[PDB]
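The chain that follows stands alone, in the form deposited in one PDB entry, written as structure tokens.
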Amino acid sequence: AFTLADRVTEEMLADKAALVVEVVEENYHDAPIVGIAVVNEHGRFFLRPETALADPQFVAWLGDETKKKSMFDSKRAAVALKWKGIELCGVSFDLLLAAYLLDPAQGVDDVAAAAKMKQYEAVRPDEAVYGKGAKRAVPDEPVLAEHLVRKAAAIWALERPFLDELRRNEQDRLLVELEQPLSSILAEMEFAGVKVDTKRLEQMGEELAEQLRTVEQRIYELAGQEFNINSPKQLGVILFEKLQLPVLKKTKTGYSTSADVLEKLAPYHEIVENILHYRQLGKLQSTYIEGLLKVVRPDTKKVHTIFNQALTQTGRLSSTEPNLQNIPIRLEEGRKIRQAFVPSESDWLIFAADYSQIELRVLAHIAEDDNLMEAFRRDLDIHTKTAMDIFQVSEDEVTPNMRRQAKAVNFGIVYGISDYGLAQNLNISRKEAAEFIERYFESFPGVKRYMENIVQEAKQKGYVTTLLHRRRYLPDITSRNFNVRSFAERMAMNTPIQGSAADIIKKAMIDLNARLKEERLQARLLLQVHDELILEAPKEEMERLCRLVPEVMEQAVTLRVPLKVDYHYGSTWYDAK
């Protein structure tokens, strides 16, 4: 039972409560709050938001850091409230982040899924209540109120068991000192948004519609026929049946036309280079011009991403609607998209700071590999040094092709090395790749010992860990299926590296936000892209940021090798290079 309240009472404002501030729309930016539930020592309450959020005592309670709240996905509530000019403080327990740290593979995305981890089933999945996709809707008040009170009651009854298990895992500080403070910082970043130069985007797309038409007509002429270049089935028929190009592959999905296949097919027909170019331009038009403009707010011309903090299996963030972690940079034609990402105020600039080789520096630290540690203590070009070691040549004798192949070896080492995977990447034989790998481990025997030991540890304990005690369970490590077991072995090798790098930049974000506040700088974090942080600030703060941001990022943790941070700034994101 619970109270369907018509007005806020003092009983509802106790100094510890489970709080539900329900936002049903997936994108919570400027979205409605459909209902509120409070569970505390005095009872269970459902409040209508138009009543509660207009009540000064309830708003003061929400903003009082000394009034502690337990929630699920507090960032969603905090951001929805920010759009209403209401501050949420005092969130001491977030069940979504607790569940994520205990086991990221559960895919916990609602209270019911977290509750099932502790045999609590007296709450419905959100999808059962609201529906999926187009059939989605807020139910009538009796159904909605019971659901919100059941979620608040579940949070109330799950905080202790979840904290107990986090404690046993030595993850309690990871929740309270890393993920929960980070959630508030991410909320600020998403709410600030990034300003988009939409007229430049519209022009850029224009440059693109003309070039697409040009290459599309060239492809039709070369194919001797007009067809749907973007259809995988149709392209494969044109290439491999009409034009009779060679098929170097498997499976029975018609034919693969991925860029790695087309790059090998290019010497056989002029059409292949044009299809690759058409693919590049069409990706920019559909995803990064048209798709971006769809989610720009028409009034402010800002995009407000949502950073999913409880999704990836390694501890990284992800970014949605739009994804601001995969904006084009590698080819110049795509890189120009970043000219459309601009500071949100006049006379401000974009400032970008990135870790240099954080994953291999983490590997040097965790493996305690003498040669790799010394390479970073000398601040060597790690791919040139790896080439020197594996091909047994002096620095002057490293050719560009040697550095390229050594770089691919380094990628494989971080991903979880295999002769098959390296051979596929470098387009060489498994035996040739195995020789590269053997040479690598002769030069980096500590890395070899580390990789052997971490796979054995994953088998023994059932999971692997990161520097700050994030965990990933790997039950497939004991599979008698070669493919299944090999997947788990690569995850055992990769997750402590990628995940520790994620831990470090998350701590850097917390440290940076604190330093920006101490210095009373106007600079603000806008984005994180795995190993880099993107800020905007007044032009008059650039000199201070050039010293502050790299130092904070470099000092976030202390490893057996230095951390190194590069930085750039300019008038647009493109120019911060």
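Residue numbers count along the first chain shown, from 1. Here the rigid core means the biggest group of C-alpha atoms that line up within 1.5 Å when the two forms are laid on top of each other. What changes on going to the form deposited in another entry:
- Fit the rigid core and compare the CA positions between these two forms: of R378, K135, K250, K294, just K250 moves by 2 angstroms or more.
- Relative to the superposed core, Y420 undergoes a Cα shift of 2 Å or more between these two forms.
- Once the rigid core is used as the reference frame, the Cα position of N323 differs between these two forms by less than 2 Å.
- With the core superposed, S429 shows a C-alpha displacement of at least 2 Å between these two forms.
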The other form holds:
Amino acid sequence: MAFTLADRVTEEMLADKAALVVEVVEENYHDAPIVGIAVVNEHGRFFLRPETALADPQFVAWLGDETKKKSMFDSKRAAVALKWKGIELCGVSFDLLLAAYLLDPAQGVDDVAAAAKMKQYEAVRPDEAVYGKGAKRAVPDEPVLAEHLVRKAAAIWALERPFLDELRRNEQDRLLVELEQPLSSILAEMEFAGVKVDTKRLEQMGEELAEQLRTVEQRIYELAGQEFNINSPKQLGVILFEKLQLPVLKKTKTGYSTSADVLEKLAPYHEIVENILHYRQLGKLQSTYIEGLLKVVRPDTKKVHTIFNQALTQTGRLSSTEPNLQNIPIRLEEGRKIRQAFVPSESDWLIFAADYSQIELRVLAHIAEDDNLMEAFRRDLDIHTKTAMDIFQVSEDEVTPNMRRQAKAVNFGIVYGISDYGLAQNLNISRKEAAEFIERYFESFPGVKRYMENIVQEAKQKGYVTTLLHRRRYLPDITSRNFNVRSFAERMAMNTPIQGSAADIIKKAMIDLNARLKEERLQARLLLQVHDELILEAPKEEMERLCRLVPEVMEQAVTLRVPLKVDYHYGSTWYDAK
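Next up, can you give the form deposited in another entry of this protein, since the form deposited in one PDB entry came first?
What follows is just the one chain, with no partners and no other molecules.
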């Protein structure tokens, strides 16, 4: 493009409206370099070196002025990288990444060029073509870098209006401006704050694990003949199914299955199997959680700073990476103790955790208007026990533990939209038997059945389904003549208004909570979101206020035909917040 390579900041660069590019090339933008800045506004196109621009008091003033509106792509990346430099970014009124995510989350828009292609704009290169792939990644020389950054800013400048126009046609403009963009700032603060980690406690757990892995690893070698890579399903498969001749219950595309569900059925045949299961559990904790956390914890602050991917999933859920903090173990006690290493950032603070109880089935009761399901939540029943009572036609005192377990698994399948092979699998029954359970469910909950039928028809007719706050998911596969592919699209038509509305609700709750915390002059702060749960830390003197405030704000985020209900706990570590 035609643009100015500026040696200093000028007044015409600080207009009331601009496309702004604050380029961070490193994937993890925490404390990462800013390699260049581009500004496009009514007066022209400008490239600035960050050493110049970020030391200029008027430019910094302009970045922080809420009344100076900026249009950007992935403003959270820029906001966080600037936070690490002590600079506040305000006034971002349009985020092209989030706009493209809302318009079609299946596109996988991850740079300006991919978003621009959605509106037939191609005068910008993909970041990968400019910087390189993995190891071959590099920042090019200034003339090349400056043209790329100005071309990205020019693209944002030209694309704001067509994206906003389509968002408005879809009734998603408020979803962008009042939900996703405010949430992006809250996520930035959460990531920047980080979670404090007790690294010595993690190290001693790693030491304990490494000893136990060593003991089980040698026991496996004695029970087998040879030594082998227990972590490679191929070598393990030769040992189990050829050397020891265990029955082959399930094959994979490349060989025999050694999944935990197959190994458990093989346990009676040979002592080695239980040890492989034990090794898999321990190795999971060591490699994924202990080693992963120690690798990414910042050694100066002893904090981990995750990155929440706000623009990735087709349901509207967040994801979390580097480290992923949304799948820290909790089901088994050995892994749950890892949560003891997540601690408040200040002495005499505590961890506070609040979770919605059954938000997805409450959402389902609301959208389906199912009388039976609505009444169960209005009575605040144990929904798994109640589902077992209806599915199996027994009174509450005849629900056995196994009945409740199988009803909970049906509830899981309904809440996530898993296939009948999925449900049969984790219930260890036949696909046919799993389908009969679903059948008995629809008979006890005929409103849910009507809703499933109607929403599949709606998806076929409109081409998409929507959530309570107008998030959209397109389902072109709903007319596929491949039965599996079509069934998958049908389940996604059912599931997305459920899981996606629950995502809408907690995102609004986060916005409301952040505003309420400031109103009430609390020091408490949000640290993590885990799909239906919010994790905070606060001075211990604030716990009593948070016990009243947090559940109320989360419960009042939307109004449904059934109440929402939030449980909460607090303690000295994340583990204790139970």
